[PDB]
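Enquirer: Produce the entire structure from the sequences given, and follow the hints as far as they go.
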Amino acid sequence: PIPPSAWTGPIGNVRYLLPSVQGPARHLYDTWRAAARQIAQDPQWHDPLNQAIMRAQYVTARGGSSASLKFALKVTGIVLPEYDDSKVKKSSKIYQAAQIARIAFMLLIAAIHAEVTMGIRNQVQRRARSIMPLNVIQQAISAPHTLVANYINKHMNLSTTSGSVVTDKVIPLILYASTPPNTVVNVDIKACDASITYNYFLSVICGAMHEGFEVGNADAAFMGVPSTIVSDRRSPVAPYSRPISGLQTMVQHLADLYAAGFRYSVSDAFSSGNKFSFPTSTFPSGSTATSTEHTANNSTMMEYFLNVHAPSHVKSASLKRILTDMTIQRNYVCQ
Amino acid sequence: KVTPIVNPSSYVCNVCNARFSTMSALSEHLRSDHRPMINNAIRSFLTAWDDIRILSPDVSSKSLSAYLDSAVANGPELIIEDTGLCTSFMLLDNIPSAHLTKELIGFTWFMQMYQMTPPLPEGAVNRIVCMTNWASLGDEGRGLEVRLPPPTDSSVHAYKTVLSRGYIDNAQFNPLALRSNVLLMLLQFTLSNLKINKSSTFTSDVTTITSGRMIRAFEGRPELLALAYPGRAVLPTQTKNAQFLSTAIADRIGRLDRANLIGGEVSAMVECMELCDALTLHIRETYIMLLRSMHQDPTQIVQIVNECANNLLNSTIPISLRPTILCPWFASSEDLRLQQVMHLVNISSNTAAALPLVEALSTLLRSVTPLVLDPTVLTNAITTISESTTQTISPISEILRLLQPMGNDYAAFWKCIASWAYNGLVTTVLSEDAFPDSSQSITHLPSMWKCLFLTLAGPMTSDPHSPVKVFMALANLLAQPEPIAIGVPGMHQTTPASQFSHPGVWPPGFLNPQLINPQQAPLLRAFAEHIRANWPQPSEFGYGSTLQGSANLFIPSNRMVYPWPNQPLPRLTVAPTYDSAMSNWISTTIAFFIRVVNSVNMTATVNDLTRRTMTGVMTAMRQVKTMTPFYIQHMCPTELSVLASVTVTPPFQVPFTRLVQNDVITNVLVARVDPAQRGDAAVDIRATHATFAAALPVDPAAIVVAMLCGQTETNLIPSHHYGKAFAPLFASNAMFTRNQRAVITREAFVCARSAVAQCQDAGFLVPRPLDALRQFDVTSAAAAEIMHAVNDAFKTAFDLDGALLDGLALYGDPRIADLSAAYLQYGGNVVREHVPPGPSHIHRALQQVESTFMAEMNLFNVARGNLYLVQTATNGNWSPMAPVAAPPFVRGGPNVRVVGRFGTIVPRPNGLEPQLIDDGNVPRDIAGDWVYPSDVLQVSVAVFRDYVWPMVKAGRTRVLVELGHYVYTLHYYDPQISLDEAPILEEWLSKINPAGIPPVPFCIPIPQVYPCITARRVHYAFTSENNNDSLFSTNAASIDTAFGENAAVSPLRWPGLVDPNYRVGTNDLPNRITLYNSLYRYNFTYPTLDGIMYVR
Amino acid sequence: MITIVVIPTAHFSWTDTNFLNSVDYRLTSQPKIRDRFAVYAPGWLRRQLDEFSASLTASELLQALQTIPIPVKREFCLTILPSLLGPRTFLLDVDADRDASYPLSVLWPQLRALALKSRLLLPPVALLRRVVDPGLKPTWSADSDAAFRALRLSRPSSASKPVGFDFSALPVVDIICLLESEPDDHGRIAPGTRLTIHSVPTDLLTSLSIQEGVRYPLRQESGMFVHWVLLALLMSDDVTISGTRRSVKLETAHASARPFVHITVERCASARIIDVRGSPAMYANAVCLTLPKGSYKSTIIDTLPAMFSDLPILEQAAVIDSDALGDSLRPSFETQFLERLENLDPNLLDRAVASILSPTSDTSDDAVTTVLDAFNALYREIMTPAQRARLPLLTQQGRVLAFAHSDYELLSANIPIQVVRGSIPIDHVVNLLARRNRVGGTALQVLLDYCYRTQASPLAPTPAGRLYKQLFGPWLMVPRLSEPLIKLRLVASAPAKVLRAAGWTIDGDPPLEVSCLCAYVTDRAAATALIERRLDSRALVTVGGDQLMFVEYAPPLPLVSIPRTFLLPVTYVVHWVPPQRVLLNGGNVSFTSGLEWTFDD
Ligand SMILES: [Zn+2]
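Residue numbers (the deposited numbering), protein chains in the order written: chain A, 404 to 738; chain C, 107 to 141, 151 to 1211; chain B, 1 to 72, 190 to 718.
Bear in mind the hints are in silico, worked out from the structure with no lab data behind them.
Hints are not guaranteed to be accurate.
To be verified - With a straight-line cut-off of 30 Å between C-alpha atoms, the simulated DSS-like cross-links for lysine-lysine are:
no. : chain 1 : residue 1 : chain 2 : residue 2
1   : A       : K477      : B       : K190
2   : B       : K190      : B       : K278
3   : C       : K107      : B       : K190
4   : B       : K366      : B       : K278
5   : C       : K313      : B       : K604
6   : A       : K678      : A       : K593
7   : C       : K107      : B       : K254
8   : B       : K604      : A       : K477
9   : B       : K604      : A       : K473
10  : B       : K366      : C       : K1106
11  : C       : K177      : B       : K366
12  : A       : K678      : B       : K366
Expert: Written out as structure tokens, the structure reads:
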């Protein structure tokens, strides 16, 4: 585990990793930082069509779980249309995002943390199973964590978003592997969704994204989240109030959301009326826009293994000759 | 329950039923019960622990240096005023005469009896203790202060400020780090005291005490009015204060010359006499002299703002008089250089630092620019060329594939411009994924249009190897038809044009196109003929104002080099013209690739009708009327001149180079350590300096869209469009914040490199007034605590938030702190433009405090001279601090013996006395006169206390304790009651460790008012040098002291009050401190920029 | 005339209250000082800035609002919008943090830097004077009027009186204390150190009746602090030296020679009103405070309702101590931690005590990392499955205040509870040395101190006093409230058919109800707008086979859901409202029911 002395003073909620620690956490901290630097530089955002694609990405991809705007009337008075005069399903696809168009994000992101965040359609007993995706405005506060994970997988995992990518990329790699020239190690990571916690991982990346988003304009909004005051506590003699960008504002709320966990609410119609919401450190399984972060760590943590860890830790002198010129751009493919 | 009113007289341990009269006794016994290896770390954690102090030299925050746009944006507090009176020495009464046991009527008289507060203290011991700002009722005190307790207390926590926490316990001071702790207190004495003296209000003395003198009107606080003015004392009886205050001259009080200017307006500067030391007043007047040094008059600051805005901003000043107008915002050109290197020392020298810094411009650069990109024009220019659709390959369609980014992706052009101000840190590199590969030929069509896009976007990117990559990307692409010779072996012609990033692998044909044969490679010589003739000329222009200065290091000041031959800004309606060097560069590439398309190699493969299409596209691309050739030449150098002084960091430039082999800037270098102190003066400059490795992969496909397709509003007045856009970012004085940063960056740098080199032995050329003091630990980590604590004080006194002086301990040796900068050229030009500090003011102030510390060490609870331990059983007066007799047995005297390094008693058998090893390694007998060094007595203390200290109590030996300077703690007693100093002095011996010593317990009798009978008493400890320099008055409220010393109020402390020969404006400042002086108070108004000028 | 721009602090009360109070309630003390302040904080401009914040960047958001003059008078004009900071107008600093929710709060480092260059920012004590002199302690004011002393009641109530008392609004004094050491044999003293307790409630200082300018004893007979200052230290946000900005944590006793034995409270630095709704706590059922070992949890569990016994603050059975869950097992967790360490190595324990208590820490890859993996193997074996069995005690009662040693067990054992990460400004590492006669001694207290510190997730520890202002804050109102309050409660009614299924001797045809959560209102009419409507949350009530009985809500109820005039307790246990109606319990059957606030008589 990372020692508490290895962290800096807090910048708001997040902390930075000291350079004095140089384990595999540092290469985690330094890959997610530089990938976060290439987004505050990237002018693909503040483009109206690019912002319309990301909001379309949360609605269309998954069927959604809940309506926590009934919970999010607690700080802002909403008229709460039930939409029984429109016959439409009250799932998170349509019933949430239509009501988001009235209220800005900044009057909502300060009070997003819900216990029935996800799992069931705004009622504790229905006929549906407790399922994976969460609120569209808590996916919107998880938006940079998707984007920095997309930049790690951009130069490595050219998936190209095509309907034929198993039969074009996976199948010939399957056939190029197992050939009599090369022997392979099919590396599988079991329970990877329940292996990304704030205790180790989500504290490092939220510190890496926050130092990575320090580049660029500190006075710059992002997707409707304005710049704000952070409370800097790094210097023990000089704490002060810093303006941080909206891209760093989302990481301040994301650190509060990752550390409290993810509130799975079980409301299955199989057992007679068992019903409880509870946190976990487990990511949703089938969310490909969120499970790409597991791809973002799979190539990254194999890269520290094949170059720094295993060429120093292994005792076989012959194997160090093999591990010298192994490279994840040549010798490791992940998805 | 009801809250307690009084502390418990008896403290319980609750472990054992042990009553304690003092909480300090309970604090040790609870600590005693906590105590193998486990309890030692538990006892030490309760021993060396305290966090209540402000300074933390032991907390070494690892890599706290991180530059921020908001860190400089908070300015330091300079204008902190002092409405009260500027003295640092309060006249503290240790022993009131009410504590005297015998009290008869009329011997002592108090002013409290007459409902009046005394001006001078009234007791039986009055010391002058250093308590800063005790009377300072100015606004918003400086944070750090030093408040020494009186000599009756311990007074060592003021001298544990560095090198002392973990090493020695609380009751001691570290004498081998004493010069560090004293001098760091003096820095804490100075920076606590950098205020501005402000006149409060002046009434006439309507009463009869001075009868009309313009008294300082302390309105709401009469408890300081009586202390400000001893001349207005009522003298009822013959108080010994009244013996002194009778000699007070009547007209030495209140204001003398109110230097007013305007009737009705507040005065500029009054000149009044009040109670103030001569030392604080010197610190105040050198602070105004610091504060005037960054002041400019408003006739000249409007010339600065207009020249900073290039005279296109409408800023007017009223021409009239303005009395009190300190507007302190102007560091010189030298001090901005010192912050600019300190900016480059704080940062990480990789690409993590310039990449925040480029977009600082590029956000503001896109905010103010008139150039509106609109790629429909170059699209409409290409899609309206004619092509038969029956072909397989479309040169129209296969190049718009290589043209369009999906997002905007056009701010990368503006990052490419903004890197020209920052070519020292970052060099924008042509993006390696945009080079055509070493697999496709020139017949492969999208590989050729990449080479057009590289050749067009060549001079935009600021990489020094840009034209050799432009030249090679075609020479790669036609390696089969046109072969040439490529440099050293290992780099062939089919090397993929990105590995030619070193000046040694430029091909010889590129340096000299005559080396390429036209009969062999005609198409490739003419591209070496192309680049060497049409690559743009690196011109230059000015920015900022010459009056303010600039933070240019390698460029001459207030200038900026620029990779294009600029022209001044037009004020009429502009139109896209083709006279630019851009249009010279653009038209000649198209004139070259019309030759490549219509060459012989493309003739044999590419069909003739689709060859006309490629010719038709480029000739259409050449004739696109775009504004960016006019923009980069005329309008863009104006806004790189304006935004270079409103962004948070000034431009750090290195001169551009058009294709010179020997002038390629390989490395740009900044060091934290000079090559003279460490023996590195002759080695290569890359080994002495740290190098800025930063790069930006600029995409050339987005440049050509920005370059060849850019337009502007038709009726553009570029003076008006810049005059309207720059107006919201000159209206504030926040532009002048970094000038206030740069002086505090200077004043902290000079005073920290002094404070390190004061504590070394003969470091930099700094004067060493405290060199008499003891300082042993001169290591790197010892001096790292010194610079970190000085850094911890300037961040506290001016209560700023940036990172000044951090990162000078990045390498870990701040004993060598010298800021240099250089850049190496491939020909071997080794420039080394290094920057010394400027003529600072606070470093002159601390140096004067250190000089007058030595004359009055006793005033800061530090006694000088050696220590005497002889048995002196007397009955009369006993003055340890002022020995009236001659000091006995000086070192080297008649049969005086000095103990060797171990402090070793050898035992002798059969009733023979134990012998002591002296300095000459000879065992000599105990009884006699001995000199002990301090460090010998720190380790021989158990041998001292058991073998030679009982020989002192018998009076048959006398021991000198040789040590230079030391904190003293005075102890007082009623001389009527008997006393023996040995329970008081063996407690001093019982805490001497090998690491430190306690302060020295001198026993002094309280001076009595009666000729009373006195007990015979035995004293041991007294000193050699006259160390009684802090005693103000021996006894005040009494009519006359009888038993003790008759040390009345010294008139040497008060020439300004009692001396008739006192001239106004004099002091004996390197000698003793005068406590009543004439001074100057101020009434400066502090205008904003709206209070100076008017900006529409 | 003089315009004073105010930027709101971190927990500014925009509630149904005065704007003057929420910046400095000293201004509303006297009528002649209330009338010297014209206020300008309109509601239309507050709504307008909340939607124009994300669109317009903060560099030119200043450029917009400075161009607006006096919009389309009294002495001082406290306004909410910035202006051109000329000599006639000013700015005020509170020496607090500026909030994140307020849109012009990001404009604070741009306005402050202009005020530093021209000496225009003025302390909040400068508003009380007759003429504006910017800065503390002037030459012309005595600074001794009763309007300066904010430790009195300052008369918050008058004839113009609202509907109900606001328990979300809370007076807070930034107090300046001088810590004074032991006097000499003569009446002499070292100068001592000044300290600023930044955010301590005033009603802790009025009920524990003190004045400022008078010396108080700091110590008890046992060496530990008096409960007066000790509550005021851990109600705080931060403790700094007064002149500077460096935070400081102070020991309790015997850790420093020459200790501090007196406090002369001398100056209220600022007198804000801090809101409660919007706390670090968000759920009315449960909140857990993760404090390190050596924190004074037992001081505020026991001794604070010992100082206030006439009024029900908390329920002792329904507050979970952190040390007690390791004491739940029949062998104690600290007793097994003796047995786990002793079986492996006695030598690494001899040098882990020196590396944890080191001033500077090395990698220590022999001493501490053998302790921690032995700790975590011991922890994962027993503590995480026991915490799952402790799930109904820590979230399923009416209202609980759980305590934890770290952030792990609240999340790893997957219990539904809001975790707040606490840091009190007392150095807890010397408290573990100060306490004695433990089961593992003082050596075991510092090893598993470091074990819970490494176990805790690295995130900013919020000041725990901000949590205690939500809990114990408005319970300091009721001694200065002149009106004896009334009692309310919730109802989860149960049918007799579900209460006769497994067997309960219950007399009566009307349904049996239960008290889920109580709350106190200072009148009756302020609850009449809320006693009528039912609450939109389903509440399932687990009734045990024994006397125990647990309540859960299908929809978690936001703490902010209750109105601002409710005084709900710190912790609360569930009981039947008639105990006598229940007889012959005989088994455990739960049921679901709605909620209605009602009057309890
Ligand atoms: Zn004891």
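Enquirer: Tell me the numbers of any earlier hints that the structure contravenes, in ascending order.
Expert: 1, 3, 4, 5, 7 and 12
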